Amino acid sequence: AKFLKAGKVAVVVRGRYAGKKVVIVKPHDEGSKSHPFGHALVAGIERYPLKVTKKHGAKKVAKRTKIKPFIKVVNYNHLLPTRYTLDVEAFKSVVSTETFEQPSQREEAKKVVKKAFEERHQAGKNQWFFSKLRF
Amino acid sequence: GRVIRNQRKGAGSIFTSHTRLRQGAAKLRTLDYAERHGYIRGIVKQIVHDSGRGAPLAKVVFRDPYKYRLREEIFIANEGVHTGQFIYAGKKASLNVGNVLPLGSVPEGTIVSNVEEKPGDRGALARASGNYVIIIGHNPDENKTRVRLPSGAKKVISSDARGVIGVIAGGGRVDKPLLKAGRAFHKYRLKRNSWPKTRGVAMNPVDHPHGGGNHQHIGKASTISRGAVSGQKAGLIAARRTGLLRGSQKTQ
Amino acid sequence: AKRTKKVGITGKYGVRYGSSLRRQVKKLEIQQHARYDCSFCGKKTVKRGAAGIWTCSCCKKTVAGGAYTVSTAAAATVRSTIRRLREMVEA
Amino acid sequence: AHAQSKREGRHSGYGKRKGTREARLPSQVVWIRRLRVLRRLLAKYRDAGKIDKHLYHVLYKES
Amino acid sequence: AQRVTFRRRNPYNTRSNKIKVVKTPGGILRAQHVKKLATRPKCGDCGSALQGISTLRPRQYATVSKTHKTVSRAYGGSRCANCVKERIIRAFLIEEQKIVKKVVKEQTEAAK
Amino acid sequence: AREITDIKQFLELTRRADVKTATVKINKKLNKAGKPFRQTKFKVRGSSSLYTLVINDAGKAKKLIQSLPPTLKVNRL
RNA sequence: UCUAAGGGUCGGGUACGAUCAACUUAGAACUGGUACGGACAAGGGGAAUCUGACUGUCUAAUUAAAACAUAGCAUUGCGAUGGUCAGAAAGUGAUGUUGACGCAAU
RNA sequence: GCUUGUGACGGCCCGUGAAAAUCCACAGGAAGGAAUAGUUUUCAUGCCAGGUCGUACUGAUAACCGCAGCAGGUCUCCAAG
RNA sequence: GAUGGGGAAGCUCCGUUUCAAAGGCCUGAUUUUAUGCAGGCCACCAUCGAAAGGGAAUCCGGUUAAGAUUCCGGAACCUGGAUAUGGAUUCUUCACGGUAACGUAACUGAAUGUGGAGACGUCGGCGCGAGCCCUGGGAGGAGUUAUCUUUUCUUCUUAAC
Ligand SMILES: [Mg+2]
Ligand SMILES: [Mg+2]
Ligand SMILES: [Mg+2]
Ligand SMILES: [Mg+2]
Ligand SMILES: [Mg+2]
Ligand SMILES: [Mg+2]
Ligand SMILES: [Mg+2]
Ligand SMILES: [Mg+2]
Ligand SMILES: [Mg+2]
Ligand SMILES: [Mg+2]
Ligand SMILES: [Mg+2]
Ligand SMILES: [Mg+2]
Ligand SMILES: [Mg+2]
Ligand SMILES: [Mg+2]
Ligand SMILES: [Mg+2]
Ligand SMILES: [Mg+2]
Ligand SMILES: [Mg+2]
Ligand SMILES: [Mg+2]
Ligand SMILES: [Mg+2]
Ligand SMILES: [Mg+2]
Ligand SMILES: [Mg+2]
Ligand SMILES: [Mg+2]
Ligand SMILES: [Mg+2]
Ligand SMILES: [Mg+2]
Ligand SMILES: [Mg+2]
Ligand SMILES: [Mg+2]
Ligand SMILES: [Mg+2]
Ligand SMILES: [Mg+2]
Ligand SMILES: [Mg+2]
Ligand SMILES: [Mg+2]
Ligand SMILES: [Mg+2]
Ligand SMILES: [Mg+2]
Ligand SMILES: [Mg+2]
Ligand SMILES: [Mg+2]
Ligand SMILES: [Mg+2]
Ligand SMILES: [Mg+2]
Ligand SMILES: [Mg+2]
Ligand SMILES: [Mg+2]
Ligand SMILES: [Mg+2]
Ligand SMILES: [Mg+2]
Ligand SMILES: [Mg+2]
Ligand SMILES: [Mg+2]
Ligand SMILES: [Mg+2]
Ligand SMILES: [Mg+2]
Ligand SMILES: [Mg+2]
Ligand SMILES: [Mg+2]
Ligand SMILES: [Mg+2]
Ligand SMILES: [Mg+2]
Ligand SMILES: [Mg+2]
Ligand SMILES: [Mg+2]
Ligand SMILES: [Mg+2]
Ligand SMILES: [Mg+2]
Ligand SMILES: [Mg+2]
Ligand SMILES: [Mg+2]
Ligand SMILES: [Mg+2]
Ligand SMILES: [Zn+2]
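Residue numbers (PDB author numbering), protein chains in the order written: chain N7, 2 to 136; chain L2, 2 to 253; chain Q3, 2 to 92; chain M9, 65 to 127; chain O4, 2 to 113; chain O8, 2 to 78.
No lab work stands behind these hints, which were simulated from the structure alone.
Hints are not guaranteed to be accurate.
[Stated by the list, open to error] Residues from chain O4 shown here face chain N7 by an in silico Cβ test under 10 Å; the list is partial:
| hint | residue |
| --- | --- |
| 1 | 73 |
| 2 | 90 |
| 3 | 91 |
Heads up, the beta-carbon is just placed ideally off N, CA and C, and yes, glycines get one too.
Go ahead and model the full structure; you've got the sequences and the hints to work with.
As structure tokens, then:
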């Protein structure tokens, strides 16, 4: 199918965020006055949740599990689509075209997605998506 | 009389291999646990030319089973192996070109290079550009494994002796005529000071048993006994037949 | 404009060394400088330098090959022989 | 003064010559000079469409 | 007409004794022993000059800023970007196939 | 060994504490195509650099010289 | 003293023009005490016999050769507890970062 | 144009044409760090210091070696019309 | 070429990581106190050997009877040591931006591991740089001028950083 639909996980394969996993939220399947390529609006994870053990206590756990996110306009030609898939609902609205342009707008989006992704990690959902890809 | 040339060679002065440029000494993995219980993967990271050696060398990287590090061995590259290829070493490794297997575990008829006399001496037989040994026998009790060598000699060794499946690269190097002194010159230039050669028969008798006389002649049999003593042994040593070798050779 | 009636590349050696030797060299010299097919990507870009070392223009793979040709007869025969013996030890 | 009379073609006679025609001006220099002109004439004739790309490609290898 | 001289004791034309000729405000020529040129760093995987990275003689890199020695991406001043693309794919695919090779022999086990 | 252009940063330079000396230089050059004019270079010596601000304009020059920190031993010409 | 041929650079709607700078080459007249690669620079050629194939090497200070060397050819020894060679000896050494498409000896 | 430096190529090899000091970078993520205030000296500016020994001249038909101010020998760079 | 060693009557010979119990760093543990112990590493085992190999970093101008990349002058640069002030960064703690190749004044990073530079033949034509050579106009000075020559000659430069 059109596997680049708005649930898909895909690892960014180029540019700064190469190697980081993302999700699509809204695909622009062909074209933009700007972006003249098949490009996706993705919400990804820049700095992963570091592993955590029994010995890890109190505020260190709460610290080891902070996540730093990012949002990206990205050409289809730069992400490996994955079979795995994560729900998009919490930041459907928050990650949009309008979101880009104005810096101020981007951060708020990241604040949401950050609170979103962190809530999600704890309580074990998606797991793989929070695992660093080692290459 | 003087000291003849071939006895001067032994002190090693002007003689001693010309060894600056060489890649290092080719040899199989050290025969450890991994290699003698299962197998272990490797990546030929580069096939490369050893100066003064006809055969090309194969640099091959391995993980260290006991420390987090990469450890690089140096193999003589069997014909066919290639940058990027994977290489499996072990008893329980598999019969493909370039992998290394203990002689006891490949069937009769296999072809191997760089094979060990004793297991783990890291390779001794057939290393020259184009040579190899063929397994011809198995005696499962006293686990030996008869092979025929490049020379022709058959010889039995331990089934745990390792060899690498294939033939050494660069075969046929000797079919091309050197054509001129210069190429012979450069040839020995990165080997050792053994070229060019004066005929003893052109020396005076100080210099040689062949030396002297009013025409150039050898003046006595040129076959010399095994029991000859230094300063004597030069001609056809301990020869047992002599003259043009007529008739098909190939030991039976 | 056929330049030489027979010596080809070997014309560099001019008159020296004797015809028979010049012939033998020409054969293997024709082989070694010649440009070969890549087992891997399939352009004809394999070339020598250093006996035994056949490395490929684009695609950049190197193969350990015969001294003046990518593949020895005897090497290739061994290939099929191992093939054969290998088969025996699984079927 | 001399140099002057030289660029008027003077004293370049068969008997004022001492290096071979080659040394004086190499063949290859003439060839490259000439071939780079034909080669780069074709560019403009194509880049402006007087020549069509198919004709060019022939004229190139014909040059 | 104006001829120059070496500016140092070393009289031979070695690689560490290159010269350049230079016109000075005094309106004369003199020499000026030129440092060997630096070559570009090379990618550890493929082998290319890796773009993005400044090219200095090796100690010079300690007299320069961090941005001059990397580019913003996993393995900056280390691997050739297209090569990163590759290690990234390979890693994924191998690790996925790895999962397939696991549960398919979990199949093998029950049915055999 | 350094050229400056922002007239502000300059003024800041001239009160930089390590800056004890300065020097003005005056040059007749020619303008554009025809006529000539009076160029003026403002040179601050810092501990490790000598900054020089070229005010081409005749006017801005004059105004600038009186702006000058009355503790800066300015070498005129 | 002339002639001819061989190039650059600019705008052309989606044939040509205008100018910049080069010594090469062929040709034609005129000219002289027939001279002119005018000094300088710059291979004698040919037909054979002998002999070493060739390029290379040597008797510094009477021998440069046809002598030595070479590629090519042939023979010999050797699978490492080994061949050949060093050392008074040795927990010694050359070949050997080597393995017969090798090393050593003729 | 001439010296010379450099590039992208190409020819050759049974010849494929050093080493270590030393410098950087990435993979890693031990650990350390903020809102009543923390992190930062690979950004800029500012402070101090830098020893020991050699350093003249000749380098050749007179400064070296050849009994010598010997027609010999003795490594190299710059190079006008 | 020392060294645990092995030979040798012995002067000494052999061996150089060699059949050896072969060594030292980062800070913590100190707040009797200066540095014992707590880890964790690292097993690399001398050293000498290049005034042509490798290699942190300086230039132009002036100057002496004779020294000058060394003095004077101005203008830099490297290495070590201290360090503060301005920036940058953080309430989304460890920068943003570009689809990307990448960008930047910054933009923490131990053990360990890996990569690169150092670092490399020869010849050939082709491309370009510099200095030299050749040359126009002009602005200066010199020579020749019985006659001829808007002439002959010369000045017109710009270092590191
Ligand atoms: Mg990181
Ligand atoms: Mg004797
Ligand atoms: Mg040795
Ligand atoms: Mg010799
Ligand atoms: Mg001989
Ligand atoms: Mg002989
Ligand atoms: Mg004789
Ligand atoms: Mg005798
Ligand atoms: Mg005898
Ligand atoms: Mg005799
Ligand atoms: Mg004879
Ligand atoms: Mg030609
Ligand atoms: Mg040309
Ligand atoms: Mg052209
Ligand atoms: Mg074509
Ligand atoms: Mg001049
Ligand atoms: Mg000097
Ligand atoms: Mg050179
Ligand atoms: Mg960069
Ligand atoms: Mg840069
Ligand atoms: Mg014309
Ligand atoms: Mg014209
Ligand atoms: Mg001869
Ligand atoms: Mg003589
Ligand atoms: Mg004598
Ligand atoms: Mg002679
Ligand atoms: Mg003589
Ligand atoms: Mg014959
Ligand atoms: Mg003993
Ligand atoms: Mg030169
Ligand atoms: Mg090469
Ligand atoms: Mg680097
Ligand atoms: Mg800890
Ligand atoms: Mg700083
Ligand atoms: Mg000290
Ligand atoms: Mg001096
Ligand atoms: Mg002097
Ligand atoms: Mg003198
Ligand atoms: Mg003397
Ligand atoms: Mg003399
Ligand atoms: Mg000793
Ligand atoms: Mg030393
Ligand atoms: Mg030195
Ligand atoms: Mg040096
Ligand atoms: Mg001076
Ligand atoms: Mg003085
Ligand atoms: Mg002086
Ligand atoms: Mg000074
Ligand atoms: Mg100063
Ligand atoms: Mg500092
Ligand atoms: Mg910023
Ligand atoms: Mg390293
Ligand atoms: Mg390297
Ligand atoms: Mg070197
Ligand atoms: Mg400098
Ligand atoms: Zn290929």
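Outcome of the hint check:
1. 73: 5 Å, holds
2. 90: 6 Å, holds
3. 91: 7 Å, holds
Every hint, counting from the list given before, is met by this structure.
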